[PDB]
Structure formats: structure tokens, C-alpha cells
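Let's start with one chain on its own, the form deposited in one PDB entry, as C-alpha cells.
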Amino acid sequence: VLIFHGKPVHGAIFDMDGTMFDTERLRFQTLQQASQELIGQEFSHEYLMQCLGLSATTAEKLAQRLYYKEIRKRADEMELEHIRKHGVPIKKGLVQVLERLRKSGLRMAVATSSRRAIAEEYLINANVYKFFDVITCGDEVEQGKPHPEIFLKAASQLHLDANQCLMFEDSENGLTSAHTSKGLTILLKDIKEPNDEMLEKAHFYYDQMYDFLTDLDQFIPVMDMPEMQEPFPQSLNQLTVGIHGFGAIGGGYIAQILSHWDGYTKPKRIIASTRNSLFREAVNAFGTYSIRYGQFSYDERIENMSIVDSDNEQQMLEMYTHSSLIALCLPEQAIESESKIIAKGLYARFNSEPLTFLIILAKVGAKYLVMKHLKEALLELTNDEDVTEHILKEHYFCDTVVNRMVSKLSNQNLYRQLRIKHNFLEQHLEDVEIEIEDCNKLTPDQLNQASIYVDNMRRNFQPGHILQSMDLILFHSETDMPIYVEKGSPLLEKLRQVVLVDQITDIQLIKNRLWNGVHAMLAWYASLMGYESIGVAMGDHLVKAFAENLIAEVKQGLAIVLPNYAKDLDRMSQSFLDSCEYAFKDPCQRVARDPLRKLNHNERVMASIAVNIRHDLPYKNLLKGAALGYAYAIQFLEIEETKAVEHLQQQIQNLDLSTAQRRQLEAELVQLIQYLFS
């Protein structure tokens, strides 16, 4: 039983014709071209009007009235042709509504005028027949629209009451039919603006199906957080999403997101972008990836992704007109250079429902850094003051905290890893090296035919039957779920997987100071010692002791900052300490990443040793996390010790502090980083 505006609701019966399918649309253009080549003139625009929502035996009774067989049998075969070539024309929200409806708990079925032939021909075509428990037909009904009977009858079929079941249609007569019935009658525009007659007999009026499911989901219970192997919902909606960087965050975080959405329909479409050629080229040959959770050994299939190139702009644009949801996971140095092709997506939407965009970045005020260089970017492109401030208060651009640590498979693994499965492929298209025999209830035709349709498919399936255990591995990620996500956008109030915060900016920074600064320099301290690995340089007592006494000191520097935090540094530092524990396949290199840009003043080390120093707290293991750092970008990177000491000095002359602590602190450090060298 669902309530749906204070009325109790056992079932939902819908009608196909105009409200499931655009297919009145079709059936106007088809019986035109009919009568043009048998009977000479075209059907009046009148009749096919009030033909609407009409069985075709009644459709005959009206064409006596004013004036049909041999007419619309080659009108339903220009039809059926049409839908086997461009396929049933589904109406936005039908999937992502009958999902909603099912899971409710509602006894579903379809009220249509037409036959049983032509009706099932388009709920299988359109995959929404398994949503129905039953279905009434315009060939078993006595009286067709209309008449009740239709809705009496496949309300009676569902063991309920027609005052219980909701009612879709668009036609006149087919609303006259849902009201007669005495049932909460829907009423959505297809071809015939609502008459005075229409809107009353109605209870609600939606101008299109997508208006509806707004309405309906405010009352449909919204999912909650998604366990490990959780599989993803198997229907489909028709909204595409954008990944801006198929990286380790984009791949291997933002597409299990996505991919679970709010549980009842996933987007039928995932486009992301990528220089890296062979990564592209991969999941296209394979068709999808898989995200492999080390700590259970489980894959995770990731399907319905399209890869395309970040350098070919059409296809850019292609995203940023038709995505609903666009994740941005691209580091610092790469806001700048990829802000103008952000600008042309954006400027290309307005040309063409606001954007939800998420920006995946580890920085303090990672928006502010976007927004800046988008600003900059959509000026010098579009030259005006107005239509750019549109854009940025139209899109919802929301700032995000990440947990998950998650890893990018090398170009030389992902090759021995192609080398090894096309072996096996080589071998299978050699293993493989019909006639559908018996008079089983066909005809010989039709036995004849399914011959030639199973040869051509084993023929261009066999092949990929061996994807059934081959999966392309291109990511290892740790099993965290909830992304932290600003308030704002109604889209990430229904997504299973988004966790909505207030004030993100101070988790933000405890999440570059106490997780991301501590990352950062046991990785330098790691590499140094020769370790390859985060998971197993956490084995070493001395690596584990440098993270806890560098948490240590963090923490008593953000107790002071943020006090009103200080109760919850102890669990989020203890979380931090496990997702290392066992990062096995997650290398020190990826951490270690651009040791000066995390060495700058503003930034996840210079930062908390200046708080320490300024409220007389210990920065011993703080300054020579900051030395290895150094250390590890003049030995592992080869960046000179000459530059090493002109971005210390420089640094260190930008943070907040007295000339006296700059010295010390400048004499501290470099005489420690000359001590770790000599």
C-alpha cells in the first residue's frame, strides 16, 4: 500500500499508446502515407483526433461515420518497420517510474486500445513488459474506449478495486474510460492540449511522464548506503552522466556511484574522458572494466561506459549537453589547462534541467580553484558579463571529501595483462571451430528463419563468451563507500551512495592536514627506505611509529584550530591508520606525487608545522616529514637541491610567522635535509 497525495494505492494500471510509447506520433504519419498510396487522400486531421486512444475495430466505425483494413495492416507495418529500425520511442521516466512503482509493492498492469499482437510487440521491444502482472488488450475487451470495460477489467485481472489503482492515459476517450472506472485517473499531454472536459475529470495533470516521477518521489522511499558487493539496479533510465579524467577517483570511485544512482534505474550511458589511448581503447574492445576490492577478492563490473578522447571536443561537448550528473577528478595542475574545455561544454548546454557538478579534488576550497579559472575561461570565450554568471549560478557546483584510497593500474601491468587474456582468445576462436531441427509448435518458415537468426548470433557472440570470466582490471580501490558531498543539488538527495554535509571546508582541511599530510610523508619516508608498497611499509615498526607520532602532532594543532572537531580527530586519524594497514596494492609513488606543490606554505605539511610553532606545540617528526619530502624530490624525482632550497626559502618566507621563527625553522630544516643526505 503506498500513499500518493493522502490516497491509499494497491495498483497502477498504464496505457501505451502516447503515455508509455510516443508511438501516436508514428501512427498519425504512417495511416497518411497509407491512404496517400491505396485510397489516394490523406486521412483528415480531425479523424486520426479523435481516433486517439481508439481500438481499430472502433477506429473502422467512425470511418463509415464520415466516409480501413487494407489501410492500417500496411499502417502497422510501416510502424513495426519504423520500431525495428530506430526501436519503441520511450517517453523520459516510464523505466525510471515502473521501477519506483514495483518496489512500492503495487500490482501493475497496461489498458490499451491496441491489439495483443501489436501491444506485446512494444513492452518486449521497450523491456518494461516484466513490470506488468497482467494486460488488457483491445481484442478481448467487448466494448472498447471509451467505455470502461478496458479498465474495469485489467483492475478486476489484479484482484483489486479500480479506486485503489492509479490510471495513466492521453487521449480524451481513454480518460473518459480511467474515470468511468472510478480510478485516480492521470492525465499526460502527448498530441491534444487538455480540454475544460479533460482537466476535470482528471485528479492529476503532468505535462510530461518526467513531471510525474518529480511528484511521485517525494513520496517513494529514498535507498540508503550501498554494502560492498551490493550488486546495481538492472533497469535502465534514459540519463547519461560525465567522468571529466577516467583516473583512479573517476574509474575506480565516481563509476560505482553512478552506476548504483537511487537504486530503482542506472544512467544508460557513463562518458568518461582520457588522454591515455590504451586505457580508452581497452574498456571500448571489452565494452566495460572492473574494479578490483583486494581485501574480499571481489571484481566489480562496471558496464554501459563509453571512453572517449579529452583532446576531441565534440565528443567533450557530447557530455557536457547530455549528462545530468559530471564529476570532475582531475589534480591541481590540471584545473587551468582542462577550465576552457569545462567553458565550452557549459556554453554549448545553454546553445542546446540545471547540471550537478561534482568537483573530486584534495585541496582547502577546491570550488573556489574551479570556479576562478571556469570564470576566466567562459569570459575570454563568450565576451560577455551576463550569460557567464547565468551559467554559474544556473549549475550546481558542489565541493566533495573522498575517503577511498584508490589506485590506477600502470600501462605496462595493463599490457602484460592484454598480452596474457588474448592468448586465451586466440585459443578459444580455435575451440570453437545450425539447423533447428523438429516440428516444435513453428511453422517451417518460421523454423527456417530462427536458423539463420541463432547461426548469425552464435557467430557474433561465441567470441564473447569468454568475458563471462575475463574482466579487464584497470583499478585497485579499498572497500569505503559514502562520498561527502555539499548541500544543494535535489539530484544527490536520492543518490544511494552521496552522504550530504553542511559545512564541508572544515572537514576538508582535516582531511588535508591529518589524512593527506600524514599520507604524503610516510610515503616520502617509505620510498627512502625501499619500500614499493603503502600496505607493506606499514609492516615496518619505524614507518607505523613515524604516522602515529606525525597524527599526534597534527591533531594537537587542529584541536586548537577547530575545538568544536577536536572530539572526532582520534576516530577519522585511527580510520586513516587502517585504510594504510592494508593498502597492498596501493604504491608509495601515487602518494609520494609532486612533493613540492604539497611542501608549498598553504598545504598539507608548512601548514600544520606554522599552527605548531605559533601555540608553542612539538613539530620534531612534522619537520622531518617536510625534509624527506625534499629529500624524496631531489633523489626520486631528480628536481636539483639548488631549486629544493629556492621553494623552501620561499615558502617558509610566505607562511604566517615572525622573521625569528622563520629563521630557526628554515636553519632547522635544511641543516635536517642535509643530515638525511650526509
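Basically, rigid core = biggest C-alpha set you can superpose within 1.5 Å across the two forms. Numbering follows the first chain given and starts at 1. What changes on going to the form deposited in another entry:
Among the candidates 340, 203, 601, 372, the CA atom that moves 2 angstroms or more between these two forms after core superposition belongs to 601 alone. Shown in the overlay between these two forms, fitted on the rigid core, is a CA shift at residue 527 of 2 Å or greater.
Core-superposed comparison between these two forms: the CA of residue 165 stays below a 2 Å shift. The rigid-core alignment places the CA of residue 569 2 Å or more apart between these two forms.
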The other form holds:
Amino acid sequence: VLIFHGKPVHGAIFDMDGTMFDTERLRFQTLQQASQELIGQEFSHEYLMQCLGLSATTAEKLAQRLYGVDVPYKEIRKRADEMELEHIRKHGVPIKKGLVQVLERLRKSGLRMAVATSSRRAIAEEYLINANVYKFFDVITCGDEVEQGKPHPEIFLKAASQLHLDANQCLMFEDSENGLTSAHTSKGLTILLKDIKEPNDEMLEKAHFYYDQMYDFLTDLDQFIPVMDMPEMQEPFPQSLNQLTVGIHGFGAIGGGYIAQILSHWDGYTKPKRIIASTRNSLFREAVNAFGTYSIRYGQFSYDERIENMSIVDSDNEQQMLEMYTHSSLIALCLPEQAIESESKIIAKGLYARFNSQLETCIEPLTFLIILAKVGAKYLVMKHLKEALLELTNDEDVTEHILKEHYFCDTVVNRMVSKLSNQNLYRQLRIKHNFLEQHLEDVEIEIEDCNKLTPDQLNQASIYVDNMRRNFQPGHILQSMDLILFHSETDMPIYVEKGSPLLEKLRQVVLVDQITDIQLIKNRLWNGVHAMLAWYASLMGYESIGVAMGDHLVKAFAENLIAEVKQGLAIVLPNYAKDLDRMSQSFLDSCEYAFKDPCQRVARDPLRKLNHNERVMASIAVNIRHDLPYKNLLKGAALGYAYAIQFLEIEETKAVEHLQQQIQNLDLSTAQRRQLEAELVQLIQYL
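For comparison with the form deposited in one PDB entry, would you give the structure of this protein in the form deposited in another entry?
Chain alone follows, minus partners and molecules.
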């Protein structure tokens, strides 16, 4: 059962106009536009504000007092009604921000939901069908189906009885005075929502709960509905779209092959209506926007995950990049380390455009995910962004404000991804284009029978279906046709710094108070073994680490090495015991068929990786202190100094000079220090 402020809720009855849809502000605009056409002068904003709550006859008499007795009010009101339906039917019903997010939460809480509207059955059903929120409601109760409408409680009492519920078991959402009176009298849990006019003190007294907007109620409802569990592989994305946009600054391997999945999952209730991703690869941009979608291939399960509602933009296009930082609620920075200084200029322009912007997508702060595989990545991005903001604004107060306004989150990613080559894409586009030609071969409308339709709307149906058929038939092939751009592994969880309220409900995210702990695991358990295995694979004489796993000695070494590190980390970080076991297998699985992962890239800068407080020597010092086996780690350290001397042409004198300095820095006994070196130097000589 849903508990809302200590009250068991089994139902939810919504008002339509003002509560769910922003149709009152559209009526304002149409009435002004209609007046400008007929009488020549616009009806004042102040007049229309005064008309809210009054009847059509009262509003007419007020218009007569101000604009003369012979004012064509009924003509203006009729034209305004035509302009309203016309705008709604083509551009869609204006939905209050947060509604669909609320409805999904209430529906997934098992609530039986209804609509109690003053409107007529016909227009009411079209509006709900238009907005694609009709699916959420079990019954609709209308003003033409009750003897006494608002402020009489009959409409809310009827809606409740049709759902097999007492009123006091139902949440009742309303904006108007007469509506709230109707909801309150019936004995329901009244939720008053401000539309245009600030509510009077009498209304605020009646209402059980009050909110300035829908999103404020959504924030409060989030306290009573759960954050969903980590998504499983091949689990569907949410059907319902929210009104938020998100950004992926760098549509690269990790950006398109991982972050796209996390943002596509979102909170499990809804997902963003659009995902904007920046790339300089013109072929990638034009291809994704042509299909309207792309897909990620998970080799292990031969599963093609389709990422919908994508819109690719040029990284060099200013207006497109500023639109990302202006419209998006969350942005994921998926750039290389070499691109930070150059891209920081475009970030500064984006945030400064957001600072100057007078839009309601910009008034709320931005959540910034730093997706870089380097320690102190945040420090690097924040430093460069500071330099760029001063260079653009030339104002220290505005610069600091922007840096402190937005949330900058440090992240740790484990999933490995491979971006498809431009040649492989062209090959795919040629074959997929050939299927479209084959599909456009067989494409080259009769609505008979009485059915229950008039001959006017039977002719009109033929026009609709034929027009739809001509436009959709070419895109029928997309039912079973995916544009593959990424080959990724099965690793789901992303570790993010706790801070941003927008991350609290993201189900594929793991929030940590400090990123230090999981970075140390990522360093020692993942990168450390990856480096020590890459050194072994290279000396054994293999190009990729994938081919190397075919050798029994290499795979055995990899399995024994992850065992010694995680045994030690289990004592140091026992609170991450589950994370160690999960990451252990995730690494071994990804390593198996890593043919596209070269050993050179992983084996770079061996001496730096063999430092006392780094991804090798630190793991040994822990295992020695806690009396655990370190034979495979000590072998790994030996392969490091061996690789450096053989492949990088480093001196044997430099290797020992470095080694000794690192051992003296370790927190070990003078006896333990000597024994480690004596054993290690002997292993290197053999190789």
C-alpha cells in the first residue's frame, strides 16, 4: 500500500484543466489573440486574472463594464475556443511538468486512478488521448454525467465509488476554489496545486497539502516511493517519457555504449524525452539522426539494446552545444584528458548562456558527471573551467557563482566499450540501404462495410490511413533492423559522488559519500591486475590480452592474482565485500575476448605503476601486513621491471634504484623490507 504522510492511499482522482494540463494559460493567450483580431485591443492580463474562478456570464458582464456593452465577448470566446482546439490538436496538449513522473509512481504503487473533470466526455477523452495519459486512468467522471457539479462533492464521490473506494482512501488533485471545495467535502486527501492565480487563505486552510507546482509534489511523493534496484541485462527501459532533456558531452565509446544506457534507464518510472550527444564524427551524427536511433551490441548474450529518443549534434556548432547546456538537466562529460583544455571553452560558454538564460529549464542547477579514467579528473576539469570562465566573463563573482551553483560529480566506470570503425559503419549503411531498396519494391486503401461509422468519417478514415501508410511503410523495416555502433561488456553499476538531488532516484547509479574507496579498488583490483597481466602477455609474446587468455598460464595467473588482491581489500574495505566479488568476475569476463584491447596501452609507464602507494606495491604491503599469500603479486612486480628493461629499453640499474626507494616508503618491518627485494630481484634475472 502507498503511505502518504501516515495515511494509507488506494486511489488517486485528478482534475484535468489547471491541475494536469496548462490549458488555463493557453485560454489566456487565445482570448488575448482573439480580442486583437475582432475589437482591435487585447483584453488586459489583469482582466483575465480577475475572470479566474468566475462564470462565463460574470466574465462577460465584466468585459462589458470595461470594453463597452456591445463588446463581442461570445464571438471572442468562440474564436478563442477554436484557436485552443487547433493549437492542441497539432502541437499537443500542454502537460504540467512532472505529471507523467507522478502518474507512473502512483500507478506502480498499485493505485486505482480516475479523472474528475467539469469538461464534457468527448473533449475530455481526446485531451487525455492527445497527451498519452489516458492509459493511467481506470474511469473518467465528467460534468455532463452528474446532476450537481463543483463545488458539490457528487463528481469526486462518484469517481471514488466507481474505483470501489471510500473518498478518504483517495488522493484528490485540484487547482480551482470550487474544485477543492468539492474534493474536501467528499472527505478525500486534498492536494491543492497553484496554476496561475495565488490561492486565497480560505483555500489554503481547506487543503490537506499545498504545492507551488506539480514538481514540488513529485519531490514530496519521492519520499514515499522507493528507488528501484540496479537494472539487470536485457531489462526494458521505461515506456513513459518525462519532459526533461539530458546531455552526453562526447558521444564516444563510454558515452554512447554505457552512459546512454544509464540515462535511458533513469529512475525506472520515466526517462528523458530527448538525449543530446556531441561528436565531430559527421558519419556517426548523420547516420543516427537518419534512423532516429542506434543500438549497443552485448556480445556475450548476442543482445542488441536499442537507444531511442537520441539527437546527435556537432561539437564545433556553437548554437547546438549552448542548446545542450541550456535545455539539459544532467550532462555527462565523456572526453579524453587531452581534450579538457580545448572543450572547457565550450563548457564555459554553455554555463554562462545558462546563467543569462530566462528559461525554466535553466533556473534549476545542472548535475555534471565527470566520466574520465584519471585520478583528480574533477580537479583538472574545475581548474580549466575556472580559467575559461574568467577569459569569457571577465568577472570573478559571476565565475565563482557558476562553479558553486552546479553539482560536479566524480565517477568510477568499470564497463569496457569499443566504438565501431567508420569503414565498418559504411559497410552496415550499404547493406541496410540495400534492404530498404528491397523493401521499397513490394510497397508498389479501401475502407468498405457499414461498421458503425457515417460516410463522411468513413471517407475521412481512408485519407488518414493512406497518408499514414505512405509515410510509415518505408520505415516498417526498422521493426527488426538495428544500427550497431558500439560493442560493450555486461558491467552495469556506475559509482558517483553523493550530492545532486537528481541522482537520488537513478537506479543504475551507486551513490558514495567519498569516491576514494571505490577508486582504490578500481586502481588495485581492476587496473593493477590489467597492467600485471598485460606485462605477462607481452613477455609471453601476445599482441592483445584477449588472445593471451587462450594460454593456460596467463588465464591461471589472472585468476590467482585477482584472488590475492581482493582477499587483502576484504580486510582494508570490508564494506565493499560484495563490490569486490562482482568486479572480480566482471574483469575476467571482459578480458576473455578483449582482441580490440592492445597490451601496449595497458602496459604504458610501468615504473609509475610500480610506485609504493600504487596498483602493485600497495597490494603487496597490505597482504604482507595481514599475513596473506603475495606470490602472484611479487611475480607481477617482477614482470613490470622485466617489461620496462626489455620493451621500453630501461636500464637494470634504474629499475633497482626505483624498486629500493618504493620498499623503504612501505609501512613494513626492516626485516620484511629486505626479504621482499631479495626475492624480487631474483625473479627479474630469470625473465
